[PDB]
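Trainee: Work out the full structure, taking the sequences as your base and the hints as a guide.
Chain by chain, the residues run as shown.
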Amino acid sequence: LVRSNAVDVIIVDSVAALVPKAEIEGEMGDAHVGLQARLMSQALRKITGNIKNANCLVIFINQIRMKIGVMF
Amino acid sequence: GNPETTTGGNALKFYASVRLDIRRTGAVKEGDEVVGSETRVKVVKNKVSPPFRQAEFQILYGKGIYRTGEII
Amino acid sequence: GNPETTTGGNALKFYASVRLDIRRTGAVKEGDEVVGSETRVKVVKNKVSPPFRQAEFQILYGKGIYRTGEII
Amino acid sequence: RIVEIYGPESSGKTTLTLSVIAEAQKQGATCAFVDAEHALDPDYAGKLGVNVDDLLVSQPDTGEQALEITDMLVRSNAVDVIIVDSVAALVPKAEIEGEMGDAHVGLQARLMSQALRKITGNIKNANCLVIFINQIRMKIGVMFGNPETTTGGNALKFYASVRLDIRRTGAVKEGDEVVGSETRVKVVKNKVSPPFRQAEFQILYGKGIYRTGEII
Amino acid sequence: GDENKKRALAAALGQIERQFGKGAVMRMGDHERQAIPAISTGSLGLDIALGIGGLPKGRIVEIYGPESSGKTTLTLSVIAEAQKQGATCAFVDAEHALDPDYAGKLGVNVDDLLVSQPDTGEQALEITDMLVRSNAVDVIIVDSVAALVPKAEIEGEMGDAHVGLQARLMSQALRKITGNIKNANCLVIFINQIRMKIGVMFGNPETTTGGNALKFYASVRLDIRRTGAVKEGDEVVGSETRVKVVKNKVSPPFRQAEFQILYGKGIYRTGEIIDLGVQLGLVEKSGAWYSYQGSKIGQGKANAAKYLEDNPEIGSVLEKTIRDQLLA
Amino acid sequence: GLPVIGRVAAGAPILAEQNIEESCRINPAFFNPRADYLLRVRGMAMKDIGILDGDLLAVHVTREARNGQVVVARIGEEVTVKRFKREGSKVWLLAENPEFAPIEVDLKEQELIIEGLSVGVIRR
Amino acid sequence: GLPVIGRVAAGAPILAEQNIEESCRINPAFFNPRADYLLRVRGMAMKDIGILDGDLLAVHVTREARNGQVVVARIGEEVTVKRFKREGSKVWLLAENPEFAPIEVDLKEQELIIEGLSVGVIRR
Ligand SMILES: Nc1ncnc2c1ncn2[C@@H]1O[C@H](COP(=O)(O)OP(=O)(O)OP(O)(O)=S)[C@@H](O)[C@H]1O
Ligand SMILES: Nc1ncnc2c1ncn2[C@@H]1O[C@H](COP(=O)(O)OP(=O)(O)OP(O)(O)=S)[C@@H](O)[C@H]1O
Ligand SMILES: [Mg+2]
Ligand SMILES: [Mg+2]
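Chains as they are written, first to last, in this note's numbering: chain L, 1 to 72; chain G, 1 to 72; chain R, 1 to 72; chain Y, 1 to 216; chain C, 1 to 328; chain H, 1 to 124; chain P, 1 to 124.
For the record, the hints were derived by calculation from the structure and aren't laboratory data.
Hints should not be assumed to be uniformly reliable.
As the list claims (entries may be wrong) - Here are the simulated DSS-like pairs of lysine-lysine, each with C-alpha atoms no more than 30 Å apart in a straight line:
#1 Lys-124(Y) / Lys-157(Y)
#2 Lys-22(C) / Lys-5(C)
#3 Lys-157(Y) / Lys-45(R)
#4 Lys-47(P) / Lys-90(P)
#5 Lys-215(C) / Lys-157(Y)
#6 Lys-197(C) / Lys-139(Y)
#7 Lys-47(R) / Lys-45(G)
Mentor: Here it is as structure tokens:
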């Protein structure tokens, strides 16, 4: 969509739900740690310039997930 | 230049009325096993018609040249 | 193309009535130890029948070519 | 017959050749080690058991000179064992004379092919045993298969009567310090008996190969 | 028979001598050196670890390690040690990174140091070859083997397919240099960089750069890393190092050695001698009290270092004794 | 193109070399992961997945393996096709046949190299 | 120059123009019987042989069968690929599944249309 420079306000709801394809076929409980983060980093690096050339406005929506370990 | 040269001295390329240069580029393979070869004949020299009229045709083992192919 | 090229000049490939091409693809093992090798002969030139009729046969060290396997 | 043994760095090629030289000298033969990269510690060789004073060492500057020296020694019908320390170090005369980073592609390969063609006929008549030590250089574009590829052209692997493949696997330790390294020799080619007879043994530093543990 | 064999061998040797020179068999008695001539590397940890009390002369040496590990400082300490002996040394660098003020701080007599900073990889190798052939320079240090960019790569644009181009250059340059070095009795040191490879799938993924044609010629390959840091309560003035001799052709390999590097002051040899002497026994400490010849030299490594510095002969005696007991 | 550059063993690993046997005529990107070369199969280990014996298999050059996806493992000088499954210092090369018992490979003791992932079969 | 019969409309000729998707999934006709069109077989009716949901299978236009030879037989309105088994006057559409029993069709009341020979399967 951003490539076409037609749509200029793109909303991506629930970043959390972008389950990677390579993990959808994987069985439940497999320790696929970081796959989604790598996917997101690649996507951002790939579409962070096309936005500028257009006037799109990609609005992601994330979710709160309390972390464990240190609680300063 | 072109390193490839004929043998038998160079007293034959003067008397020779017409000199061909037949090379076997492709191989016509029916299915998996090869049954013919894609030859190309170039008339490098001629004293009865213009030279360099390279022609191509198919050669079929056992039967000979595939006249119908290039006729069609 | 194929960079591989026989040695001893290219005057032998014209007179050669039939030029084979032996290559040892596999290995035959009796449990763990190798007792023979898997060849693959390809008739790459022939003046007595159509070329490129590659044949495969197993060779056993000491016993020679394994004909009894081919016959079955 | 030509015998060529290769393997990664610090695998034990020079040590194995020195052990062979020691065996030949003990049997009562004259051996000549024609070093290539000017890398050899005569103290260590003496430790292995080879009588250095009886051993002929050469330090050829260019590849042609080293190959010619080997041919001369073979023709002499005197030396029964000739070891060429490395085949990657036989720099062709033209390459050394010329400037760096030139497109001198194939010079070493042609030199090796010529040397083998000239030497193979004399070796059988002279009953010598020339051992070529080769290095490992990763072939780019192989993809499928083993990238490993010996250096010095591919004309040596046709004449080589028996080609070894020596690699260093372990390390023998007295709790804290390493005194010897496990080695695995694999006969990747052979014309005098079935190939692929991998054999493992230990190389204790200073004391050479550990035949006694092998016998046990 | 045997006489015939001896005569034939003598004839062949004479002909080889006559055609090529005096280079068929080395003179027996002449080539008997008690030890291989070695250049002290500024620390007892490496001098003892190498066995010959310093890097061997006439052989390529290769030291690699992670970023800010201590490669350049070690090479500069070696250069200073050689200069104190009385041999000319040349530092050729490719990353164009060198602070001559700091080098002079370490101890190198920068006034007499042939520093070349070639703009291309091939040029650096050519300069090293020329210097080696000159038989004048005794120690040659080529820095950052990973920074020798081939001329072709520089001429081309960023992103072109130049896979494996630099390994060819490295292998060829070594093939030519190795021969001259032994004749010139030089000492070439290469400084690689650790660059983890891909698909290791388990185990040590570290991988040295600049192709793998250098690890065959390299007479002795080190592996220098930084473990911790020395802090005076709040500030850091030096970093502990750990040099491991991963390859060697003059003594058994894997003789790991450890020592501190003090910024500006260079290598901290005074502490290393104390550490070796305490475990050897020549220096006595009742747990935490340093002593020497029944005298309380004081309390603390810095205190012991000062006590040894006030009396340089005392330090030299311990350094000679420890070498005579361990190196030989 | 996709020249055939050898044969993979479906079962017990066998020696594999880079020598080109022949050249096919299917466009390079006919497969989704852009298969680069076809590796001839040999055996019946993957019969349960539709890969019988003597059926040209397309391979994509990938050094990374993900559990549950069929790859072309290469143990030493031997190359074989199996399902990849790693859970630490050990790797299991599962086979889709009761006859062929899974293969256990310990990365610490024996080096394992992955040639790539399979993208299809030709069965010509 | 090979047609990909992917969409098989009900009541449409085996080589209808609408039945071809193309999409540059075109490769040369190097198959031995010289198949003239690629048909994608859907259904587990030949799991034992290697037929799956995809498995683009090449079919050579020809009307002939002998003994246990797989062919593309048309029943008028449904296109299916099953093995052929003559019975003199009745033809059996043999398949390979414990659940898919050999379909019995006969000829006196209905004559199966042999669309083409099944040679080669491309899983892709
Ligand atoms: N001019 C300087 N002043 C103070 N500390 C320095 C100076 N130059 C280097 N150091 C420190 O010396 C230690 C060793 O660094 P060097 O070996 O000199 O450089 P280097 O890290 O080996 O070169 P690279 O980038 O790692 S290849 C590090 O802790 C550096 O921070
Ligand atoms: N002087 C020496 N003292 C102790 N160990 C040594 C000595 N020289 C070699 N070694 C060891 O002997 C083993 C065999 O190595 P060598 O055969 O001497 O050298 P190498 O195997 O030829 O190395 P390259 O790069 O292949 S020439 C290695 O573990 C070396 O570390
Ligand atoms: Mg050696
Ligand atoms: Mg530096």
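Trainee: Run every hint past the structure and note whether it holds.
Mentor: Verification of the hints:
1. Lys-124(Y) / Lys-157(Y): OK: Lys-124(Y) and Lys-157(Y) at ~17 Å, within 30 Å.
2. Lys-22(C) / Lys-5(C): holds (22 Å)
3. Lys-157(Y) / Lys-45(R): Measuring from Cα to Cα gives roughly 26 Å; hence the hint holds.
4. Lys-47(P) / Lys-90(P): Holds - the C-alpha atoms of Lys-90(P) and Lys-47(P) are around 25 Å apart, at most 30 Å.
5. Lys-215(C) / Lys-157(Y): holds (23 Å)
6. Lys-197(C) / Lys-139(Y): holds (16 Å)
7. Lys-47(R) / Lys-45(G): holds (29 Å)
Every hint from the earlier list agrees with this structure, and none is contradicted.
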